[PDB]
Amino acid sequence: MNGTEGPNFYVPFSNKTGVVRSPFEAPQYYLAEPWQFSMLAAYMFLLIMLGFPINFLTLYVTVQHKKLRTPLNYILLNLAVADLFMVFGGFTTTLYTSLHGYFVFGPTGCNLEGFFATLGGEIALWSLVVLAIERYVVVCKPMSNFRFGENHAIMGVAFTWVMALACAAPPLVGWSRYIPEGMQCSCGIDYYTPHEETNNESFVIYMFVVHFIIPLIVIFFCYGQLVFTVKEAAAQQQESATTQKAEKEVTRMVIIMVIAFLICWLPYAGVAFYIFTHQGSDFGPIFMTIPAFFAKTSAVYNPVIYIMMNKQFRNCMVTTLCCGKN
């Protein structure tokens, strides 16, 4: 007996000494010291201070620079909006609760925060997929007489919101549920508790397959091709130093992008899988926080990688920030 069950939640601490309380009703200072709640507040604060400017800046600079407003950029705009859902839905809420030491908004708040945070990171996730598809389509030209334009970009964005809803909506209404995670200050998808009234086991399998394996496969295929096409075109122009350079740059980028996706979701998927495999397991509140640390902090590193390492976006940002020019 390593936890304490409740109608709407699961505290990863044993109530044998009688001290465990509802994460909706009282401070959880028995599963982690107050300073650790503060450190949690500190990290949310960092994630807001960096996450907000980076992502808001992206939106804003696009409104101000025509050249950025191409169809192939729509998805990165989408990325930034997802990141903001995480910032205002997840990060700010967690900062507030962590300092109370429990999830003060009760179960319906737990649904709200869990939804918008989950919806955010999901849109972000599928955005990174759609992009890989779109890039591959544009570079490898797998369809004869096709030109990627506005309408497709819209489809890509919409597809992103549908795939996300297919994850974040079910728990609101019977298939899995939203319960406080880790240190009980923020709510996520119940992917660790055997709870059968809601059908957690089938949902976790659905998530693992449809929302992690499918995405991981599409990304590897799409970018595998992309790199192959680019490497092949350069072996056929070894006289252009430009072309050799672009090829190396495109390759380093893909490796960064792929590794970055793994860093972001492997822990959630990895932990989910272990807990599923090893039926009876005891993981603490801090351990169970690590998956969120990795995913959430991508609201910063994603736009650094996909937006700021881009030559164009960078220029406009500097212009917009320096009021005039240089």
Given for the second form:
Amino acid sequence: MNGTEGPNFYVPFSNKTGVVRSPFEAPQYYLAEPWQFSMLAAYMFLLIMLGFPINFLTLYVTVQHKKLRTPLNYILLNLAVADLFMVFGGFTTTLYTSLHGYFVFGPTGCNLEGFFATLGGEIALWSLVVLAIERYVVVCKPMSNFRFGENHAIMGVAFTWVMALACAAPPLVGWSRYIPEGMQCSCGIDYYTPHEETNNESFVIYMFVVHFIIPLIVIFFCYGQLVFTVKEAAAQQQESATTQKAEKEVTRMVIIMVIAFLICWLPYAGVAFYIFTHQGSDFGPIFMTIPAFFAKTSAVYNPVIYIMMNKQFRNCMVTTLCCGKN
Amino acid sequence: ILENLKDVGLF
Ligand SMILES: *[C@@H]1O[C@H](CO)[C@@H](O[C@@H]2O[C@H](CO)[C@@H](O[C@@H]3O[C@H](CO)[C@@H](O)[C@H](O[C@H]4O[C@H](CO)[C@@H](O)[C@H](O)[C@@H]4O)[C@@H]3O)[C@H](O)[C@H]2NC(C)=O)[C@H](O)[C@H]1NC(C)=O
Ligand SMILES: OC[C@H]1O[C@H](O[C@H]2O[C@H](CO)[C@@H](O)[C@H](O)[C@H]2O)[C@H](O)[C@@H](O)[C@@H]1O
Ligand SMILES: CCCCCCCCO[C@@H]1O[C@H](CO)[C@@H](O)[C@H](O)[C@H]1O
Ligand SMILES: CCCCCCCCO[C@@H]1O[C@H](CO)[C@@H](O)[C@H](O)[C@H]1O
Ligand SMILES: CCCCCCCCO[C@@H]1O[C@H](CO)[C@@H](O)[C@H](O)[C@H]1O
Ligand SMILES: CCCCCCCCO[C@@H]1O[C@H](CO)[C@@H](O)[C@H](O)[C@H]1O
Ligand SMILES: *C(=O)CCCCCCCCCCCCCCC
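I've shown you the form deposited without its partner chain. Could you give me the structure of the form deposited with its partner chain bound?
Below: every chain and molecule of the assembly, starting with the one above.
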């Protein structure tokens, strides 16, 4: 027996010595040293210090630079708002709880932080998906006559909200649940204990299929098409040096975007899959934190990839950061 | 493609 169960929680440490306490009531210094809790706070501190300015700066330059306010940019703004839900719903809460060594806000607060942290990360994910769809549509022109405008952009944003709710909301009302996780200082979807009263198993399958596999398939198709279209245009236009460059830069971005998506979600997927296939084995607190590390850090690296590496945003950020010049 | 690529932030 590798853990300790409780009404709203599961502590990945055995209570044979009787030292385990509820993650809502007392420090968890028996499942990790105090210093590792410090390191956890240090880490959240990093993600806040990098993730706040980068994502906020994104919203700010958009207010300052008329040119950024175009429909194809809406989903990138959305992305930055989502990253901010992660930073304030999740990262700050976790900075705070980790320094107490347990989830001091209790089961209801567990639901608040789990909801907003999950909402944020899911809006982000569906943003990356919608952005790929939009790009496919605009560049690959799979629909004759179609012109992408404001209204489609809004529908793209709303779609992500809805897909995110379809993921974060259920565990608030019967299907899966939010419980503290890994080191018990932050809360997420219970994807690792069979808890029939909430139907964890099927929810995990739904997550895997609808919120990982679909996303992954849509992104590969769209960007695969996009790279194909751009290779073809270039091959038919080798007299144009610019076009040859666009093809190289675009292929490079796609590799980067796709690898980044994998790094962010594959670990959670790989771990949820394993646990599902190897029922209730000894999964330690620090091991359950690895997929979380990968997913959470995306509130920094996504804006680097999708915002800072985008010529327009970058120029506008530079102009705004240098007080108005250059 | 070029104008399209610029529009979507890829080039
Ligand atoms: C992990 O394992 C530990 C060890 O089992 C476990 O902790 C124990 O929890 C029990 C209660 O569930 C604690 O019990 C208290 O003991 C004191 C006296 O020492 C009593 O005052 C408490 O109450 C009773 O007596 C009252 C008389 O006035 C009655 O009114 C009442 O009905 C009770 O009979 C209660 O017995 C026990 O002290 C701790 N032990 C330790 C070492 O902490 C812990 O809960 C397990 N963790 C999880 C998350 O399950
Ligand atoms: O003063 C308004 C400036 O912002 C505009 O952006 C808006 O564009 C649409 C208005 O026609 C709205 O639907 C949209 O919600 C706004 O973002 C525009 O970009 C600028 O030219 C205006 O100066
Ligand atoms: C950035 C804001 C700092 C967070 C405030 C940390 C407060 C932690 O408070 C500490 O928690 C201990 C539990 O380990 C308790 O023994 C004490 O209440 C206290 O020393
Ligand atoms: C999630 C969005 C993807 C929609 C899948 C539509 C499948 C259409 O696949 C077809 O192949 C090519 C597109 O690359 C084009 O030649 C056609 O217009 C397109 O409809
Ligand atoms: C990828 C599909 C497999 C299903 C596993 C679902 C686990 C996702 O869990 C989510 O991850 C976020 C990033 O840490 C956390 O912040 C959220 O609180 C948590 O709900
Ligand atoms: C979503 C799928 C990503 C598509 C990755 C395409 C990788 C191909 O790679 C690209 O094309 C050439 C192959 O002829 C390579 O030699 C070049 O280095 C590169 O531009
Ligand atoms: C107008 O031109 C003002 C721009 C000058 C700002 C340049 C100052 C550099 C600051 C770099 C960031 C340091 C923060 C590190 C703290 C952890």
